[PDB]
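Below you'll find only one chain, the form deposited in one PDB entry, shown as structure tokens.
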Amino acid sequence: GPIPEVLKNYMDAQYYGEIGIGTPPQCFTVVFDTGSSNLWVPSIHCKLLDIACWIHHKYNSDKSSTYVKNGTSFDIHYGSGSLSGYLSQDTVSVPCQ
């Protein structure tokens, strides 16, 4: 039918919901952003410089049986934040199911 995603509300400023990457699903929270078109989560291979990554959930490819590597680099600049990493392929689940 329609698939409901429940969103959390942080201070009427951040609304995010939970999704899974991998088999079995590793759960992450993301904002469903209608202002961009890329999906990204922190890598467990994020560099030490990436302070943000220390305090968030990181994705580990080696724990997913359906992961297909891609490795191509990407660099996204939002009108606020900037990030970069490499691309990868796997199943995305919404909710973390």
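Shifts are known only where both forms have a C-alpha. Numbering follows the first chain given and starts at 1. C-alpha atoms forming the largest set that superposes within 1.5 Å between two forms make up the rigid core. First, how it differs from the form deposited in another entry.
After superposition on the rigid core, the Cα of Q89 moves by less than 2 Å between these two forms.
Shown in the overlay between these two forms, fitted on the rigid core, is a CA shift at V68 smaller than 2 Å.
Comparing the forms between these two forms, the C-alpha position of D50 differs by 2 angstroms or more, with the core used for superposition.
After fitting on the rigid core, stretches of 3+ residues whose CA atoms all move by 2 angstroms or more between these two forms lie at 3-15, 49-51, 75-82.
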Contents of the next structure:
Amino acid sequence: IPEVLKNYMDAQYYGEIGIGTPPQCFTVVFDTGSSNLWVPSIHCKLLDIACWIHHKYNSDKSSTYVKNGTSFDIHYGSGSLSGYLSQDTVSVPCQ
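May I ask for the structure of the form deposited in another entry now, the form deposited in one PDB entry having been displayed?
Here we give the lone chain, stripped of any partners or molecules.
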């Protein structure tokens, strides 16, 4: 299943969830065709529009967070989506 056919620009099924304690809110796309959860990180590589408007995860501010660090990088169709794995408590919804 190629990421070209994926909405993500006008996905119809999204909502808010939370990561960390206190929960940090993020609006994500509920996607029945994939099986991973990922959010922007405060440690964004570039200060672009993506890092500007999006909400980013900050583990420094989370009593439940557990380090992992396994770095990842899949070539999400068009480009490459990279970051690292991390453990924490997810809340649905957030607020």
